[PDB]
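Take a look at this one chain, the form deposited without the named molecule, written out in structure tokens.
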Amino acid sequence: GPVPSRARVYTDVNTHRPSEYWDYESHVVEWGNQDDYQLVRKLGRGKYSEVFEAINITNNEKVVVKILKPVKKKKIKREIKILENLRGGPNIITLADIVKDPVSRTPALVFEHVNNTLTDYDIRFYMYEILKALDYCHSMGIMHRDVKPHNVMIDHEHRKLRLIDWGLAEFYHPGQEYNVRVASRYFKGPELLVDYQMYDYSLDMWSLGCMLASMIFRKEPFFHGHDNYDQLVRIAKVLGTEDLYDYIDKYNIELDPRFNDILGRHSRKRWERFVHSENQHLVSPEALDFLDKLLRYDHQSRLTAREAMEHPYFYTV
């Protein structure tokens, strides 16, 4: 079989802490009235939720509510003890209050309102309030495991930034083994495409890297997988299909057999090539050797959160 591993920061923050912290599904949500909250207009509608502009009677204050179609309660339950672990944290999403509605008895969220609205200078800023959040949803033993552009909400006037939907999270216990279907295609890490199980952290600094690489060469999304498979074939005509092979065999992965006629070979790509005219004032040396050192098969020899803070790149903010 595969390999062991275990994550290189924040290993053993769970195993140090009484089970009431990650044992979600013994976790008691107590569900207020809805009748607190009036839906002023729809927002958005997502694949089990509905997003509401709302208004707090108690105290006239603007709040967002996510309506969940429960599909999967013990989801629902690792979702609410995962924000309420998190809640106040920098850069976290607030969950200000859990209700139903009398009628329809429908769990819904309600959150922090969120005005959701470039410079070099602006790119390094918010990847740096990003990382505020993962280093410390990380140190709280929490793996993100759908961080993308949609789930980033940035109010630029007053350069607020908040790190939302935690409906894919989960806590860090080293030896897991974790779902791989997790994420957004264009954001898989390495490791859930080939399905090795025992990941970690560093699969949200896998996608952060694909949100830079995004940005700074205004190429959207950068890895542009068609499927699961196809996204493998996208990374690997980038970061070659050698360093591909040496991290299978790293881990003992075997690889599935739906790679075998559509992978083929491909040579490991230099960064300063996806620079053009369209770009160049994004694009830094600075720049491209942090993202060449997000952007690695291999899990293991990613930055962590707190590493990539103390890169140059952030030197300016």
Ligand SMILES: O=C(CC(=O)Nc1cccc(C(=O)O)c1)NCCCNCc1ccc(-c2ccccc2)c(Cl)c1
Second form
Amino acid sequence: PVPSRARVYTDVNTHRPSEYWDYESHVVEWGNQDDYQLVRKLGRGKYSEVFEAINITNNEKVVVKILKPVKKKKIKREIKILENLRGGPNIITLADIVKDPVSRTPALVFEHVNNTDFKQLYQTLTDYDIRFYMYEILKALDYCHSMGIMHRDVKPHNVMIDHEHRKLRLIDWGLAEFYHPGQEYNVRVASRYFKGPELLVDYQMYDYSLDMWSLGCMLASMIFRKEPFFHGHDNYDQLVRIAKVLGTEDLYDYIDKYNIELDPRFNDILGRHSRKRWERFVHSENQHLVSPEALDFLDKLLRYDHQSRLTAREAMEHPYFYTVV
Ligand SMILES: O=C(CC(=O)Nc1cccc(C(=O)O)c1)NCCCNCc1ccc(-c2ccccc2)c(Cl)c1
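Moving from the form deposited without the named molecule, what structure would you give for the form deposited with the named molecule bound?
Everything in the complex follows now, all chains and molecules, and the chain you saw is the first one.
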């Protein structure tokens, strides 16, 4: 395959010292978990369980993330990235790192965010609210990309919104990685519905632009009220669902530009599909969230070619955000 690199923040890690990106050599100093009392379970994941908690020394609510120590290298990676991004706009704030004295199970302590139930919010969301929150996510992505970090797991589940205080946080940096130009990454990242075509065609030399495809998937589900937008049943079928919208002509243009070898598993399922107009997804239930600006913005995110998608900074300058601060 033809090599590729990010259009932006290409050399940010190259120009920094080893301490910033060499997470395996990072010294993790675990405090005492006795300062925290667990309140309730907030969620369960493959390698973590998240709890609402109280810091007993200041009577302040926190969030405690207990990690199943399946791979130390992955825990070190998450800790280093959270330490590097600490205090960035709309990035979840790591406040402490603890180990329970008896269990010795690694746990991350974060700032508390009061998540509004999405199912309830989803119905009351306006065109303005979508633009406002999209912009908040973009601030988080432009910042972490500027810091040489790819989140690689952008999805509704990893976005927290406190609608009452119009606060948003991008969470779960467990799959995030440092971007190094020319590096070949593991394509087994992100959640099925949000995986970019680069991952599905096994093109390993991807970059920050993967996050912009995932964001495009979220934008499409939100404005069209179709969750998920690309409803694959497996990773191969996921590409077929994308091809039913973007068409197969542009897919062959993409794999040809990077000299990608399409897996034979695609041979009998891909078929032939025309390029669909974004206006075909407009219906009575969602027309109040759709506008020519939104469709033009969506069209600039949902492109096979990772290099031709808008960067987070270019996305922030799009006319769709001319109504937000
Ligand atoms: O995962 C959790 C629990 C939790 O608090 N987890 C957590 C907390 C703190 C840190 C961590 C961590 O893993 O680092 C995890 N909550 C799920 C929140 C789901 N958010 C729903 C949602 C929010 C915003 C959007 C959205 C809004 C406007 C435009 C586009 C998208 C959507 Cl689609 C969905």
